[PDB]
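Q: Letter by letter, the chains look like this.
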Amino acid sequence: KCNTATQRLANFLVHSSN
Amino acid sequence: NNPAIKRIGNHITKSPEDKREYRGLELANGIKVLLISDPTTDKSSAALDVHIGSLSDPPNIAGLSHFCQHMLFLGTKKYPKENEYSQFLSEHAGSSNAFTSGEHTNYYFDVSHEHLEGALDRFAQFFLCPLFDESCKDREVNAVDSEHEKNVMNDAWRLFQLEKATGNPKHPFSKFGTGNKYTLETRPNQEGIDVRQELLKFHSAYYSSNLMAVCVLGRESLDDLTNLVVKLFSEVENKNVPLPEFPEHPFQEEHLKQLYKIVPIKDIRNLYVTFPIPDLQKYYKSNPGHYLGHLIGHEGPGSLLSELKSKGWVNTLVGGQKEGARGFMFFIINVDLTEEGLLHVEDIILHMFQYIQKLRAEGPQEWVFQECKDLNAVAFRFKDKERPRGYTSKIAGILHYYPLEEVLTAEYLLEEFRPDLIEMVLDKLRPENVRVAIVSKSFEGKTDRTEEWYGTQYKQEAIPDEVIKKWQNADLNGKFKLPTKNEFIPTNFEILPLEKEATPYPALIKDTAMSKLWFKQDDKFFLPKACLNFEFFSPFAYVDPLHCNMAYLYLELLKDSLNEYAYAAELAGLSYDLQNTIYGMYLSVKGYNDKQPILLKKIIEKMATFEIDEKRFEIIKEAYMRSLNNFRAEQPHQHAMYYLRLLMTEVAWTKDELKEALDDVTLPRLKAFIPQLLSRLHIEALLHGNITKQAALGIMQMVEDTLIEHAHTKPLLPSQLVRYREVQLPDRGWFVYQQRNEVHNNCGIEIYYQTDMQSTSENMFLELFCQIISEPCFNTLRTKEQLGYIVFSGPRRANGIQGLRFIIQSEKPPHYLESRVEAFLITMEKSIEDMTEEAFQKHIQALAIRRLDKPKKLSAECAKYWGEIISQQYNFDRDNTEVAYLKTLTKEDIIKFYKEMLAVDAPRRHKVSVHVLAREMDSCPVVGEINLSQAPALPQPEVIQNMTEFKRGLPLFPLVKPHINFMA
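Chains as they are written, first to last, in the authors' numbering: chain C, 1 to 6, 10 to 21; chain A, 43 to 971, 978 to 1016.
This is chain C alone, in the form it adopts within the complex:
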């Protein structure tokens, strides 16, 4: 598929509640 449709990796303050 096109990368444009992909999870860039950044650092979040809080983890996901989901």
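Fair warning: there could be bad hints in the mix.
[To be verified] Computed far set for chain A versus chain C, every beta-carbon distance over 12 Å:
#1 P772
#2 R774
#3 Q828
#4 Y831
#5 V991
[Stated by the list, open to error] Derived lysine-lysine pairs resembling DSSO-like cross-links, with alpha carbons at most 27 Å apart:
#6 C:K1 / A:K353
#7 C:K1 / A:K470
#8 A:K123 / C:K1
Since the hints were made in silico from the structure, they are not lab data.
By construction, the Cβ of each residue, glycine as well, lies at the ideal position given by its N, Cα and C atoms.
Once you've looked at the hints, dock chain A against the given chain C.
A: Quick look at chain A alone, frame taken from chain C:
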């Protein structure tokens, strides 16, 4: 006039479907602002994006930006309290998060619409007067270290940093952005660095108004929002900081024509191909990089994936441009490898260059451009209404790249056809400018290098000039052809008139032995879309480990078979989800309603007449085996959740039982399984969207008839519609289950305090209590005590039962972690006793808003109904019913609830704990004995040796009775 405003942008281009009001503008200090007025929104939201990130971290203090991000929430001069911000949001139905990337630091929150200002005010101080308190710095540094610790064993983060390390070391792109205790505390201490000051310097130097963008959304008018923002942000100082730029690509000559062999943590096989390219950002009106991504990453007939898959070398492929930073980008073509594929990498890459040649030979195609352009226009026009929090965050980020008037359309609408840009990018995708990395355990013991930040083991070799030559001399392969017109492209967008018998909730319009059909015509979003959810019930999908494996393989083989045909539907905004469940199968088809019947019919038909390709069977089976084993590489807290699940559910096969039975599944066995699985069924569906009642009954009957015709499917008996129960823990009992994670060097734990069966009263008692302890839990267990990055608390719902759960991932052993949670529980009891009636009534109000928050889009509302159907509770008016009851609760009710079900000496405490030990930990006790609250003494726990015996020795809870819903 207004001196605080430099300029008010012209009309902001929006979709004619979008009823929200917009106004772009720029403050005198240079802050780009986008205001959004939504008089109906239940929650307001705001976000600020500073166009500066880790790439600007000083060389001697890696992670400083990210640490700055964390520290801003910990107090300001105007609001000194460590958690004034968090507590304020929590008490007003709000939330907040933030992330740091190489060039951006994005902060965002949402809250009850009537408290935007209070929230915005506290939020603005982050960029005006942060305290960077000394005590908070010493503590918060642990959260950062904890965050990096969880990523250390993550293959994605390892590969992400390895690419940075393999480029030019002088380039700031080689920096370690996350940071940890060593780089943020230890190291800087060995060099007499006062991190407090460095944080103050960094903030003072880079947090300049000229590099900021803000987006606010609320019920207030555009003028009111304007005065609001001007009043809170015009005071940010403009230090005219030059926007960082990186024109010289991190990959230079010495970095090209390089081959890397990497050892992964999980058992995976991947091939990564990268080409350094210029920054194509400025070309957003034509998007040449995406044009090539669309073709090279295309699936469907004639594509690269097709040939790579037919040769049994690859299963999936991803191609397209990848972001770098202002000044550079990369073009990638990554692919997973089969066993045979691993030994044919050179050939795979040759095919890649052959396909690329085909593109140069055919030249740029305008019809392809027009097609994507038309799809993007349809996508923008009918885009689903977003949730405020994510919307403000996105806008704030993209305000840095596009004109105010185009901030909404920039990423969707295409205007220019650029055969010259397309050819320019294609000219960079050549063998002499390639980088190749292979990820496989087969490299274990053959590597000679180690990435310092993650410890990744790899080898670096130059690609032999003859291999380069062979690729450079690639000719056309007849198996490679450009895609053809996309027949799935929708054309009928008429919104049907709201029928006369239109109901507020889904209605049961078909109740037969074969199927139960819930239906609702959309009455609020008015978009040309629909959601078709089907639940297929069959005992043979989870009867034993073997059949569960087959249920999985079957559906996985089926999706692999429809892929090529289904890809076009995907691009045209029509997708589907098919997976096996513990009760049978789940199928979901969503998107534009126009062509859904066509995709659906195709799926069911293929389902009931499927023919398994032997080659595809062995390949997928081998992957599934690795997939199961790879669970050992998952995080400690994920293992804890997994064990609790197996422990509390009546019937559940473990991953060990699954792979064990996986060698027994043969092609013959699978072929027999499918017809058996479809022989007897029961279907419960929910059709919701732009569809009539007759179209719905029609769609439901078409599915059944297809099954009846090709699989002779017959109805399932009502008593065969079984639902699993949850183990019923004994009063005052406490059990502990212990395990070890052999990959991560961190401990994981989950504590579950089972309350009772779900019901209006039981639900709100549990939910109110969670609402009250939510922020205090995070502030106590993490901010103050810094047990770990991951500290979670909230309700646990399963099989009609519910209770409070705590999840923590830490370096500290589980028995200690438990002591701390028990200490916190007592702190909360006192806290609830000490809070005013108004503070209590405030939490009730906050919980009420969270529960009544309206879904903004069709799929979100469908999800709520689906939840009522899946759980078989069918309480469609649950939110109004439950909130009404909640508004009745008193502080006394909650105190009694805790004393009866939660306190350590509670007469009905039902406690179960899952202890996951770190890799480097042989054993560890199950119980044990400063400015930390005193932890109560705990009783002797019963250690669970065998899961099966544990369940057998305990009674089972009954199932929840369905809520009444009449109709024929």
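Q: With reference to the structure, classify each hint as holding or not holding.
A: Hints and how they fare:
Under the 12 Å C-beta cut-off, the non-interface status given to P772 (chain A) relative to chain C holds; the minimum distance is some 31 Å. For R774 (chain A), the requirement that its beta carbon stay farther than 12 Å from each beta carbon of chain C is met, with the minimum near 31 Å. No beta-carbon of chain C comes within 12 Å of the beta-carbon of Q828 (chain A); the shortest separation is about 14 Å. Against the 12 Å criterion, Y831 (chain A) falls within the reach of chain C, whose nearest CB is about 7 Å from its own CB.
The Cβ of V991 (chain A) lies farther than 12 Å from every Cβ of chain C, with a closest approach of about 29 Å, so its non-interface assignment holds. A C-alpha spacing of about 19 Å is found between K1 (chain C) and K353 (chain A), which places the hinted pair at or below 27 Å, so the restraint holds. Proximity of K1 (chain C) to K470 (chain A) is assessed by CA-CA distance (about 20 Å); at most 27 Å being required, the pair is judged to hold. Taking the CA atoms of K123 (chain A) and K1 (chain C), the gap is near 48 Å; set against the 27 Å cutoff, the hint is violated.
Hint compliance for this structure: hints 4 and 8 are not met, and every other hint is.
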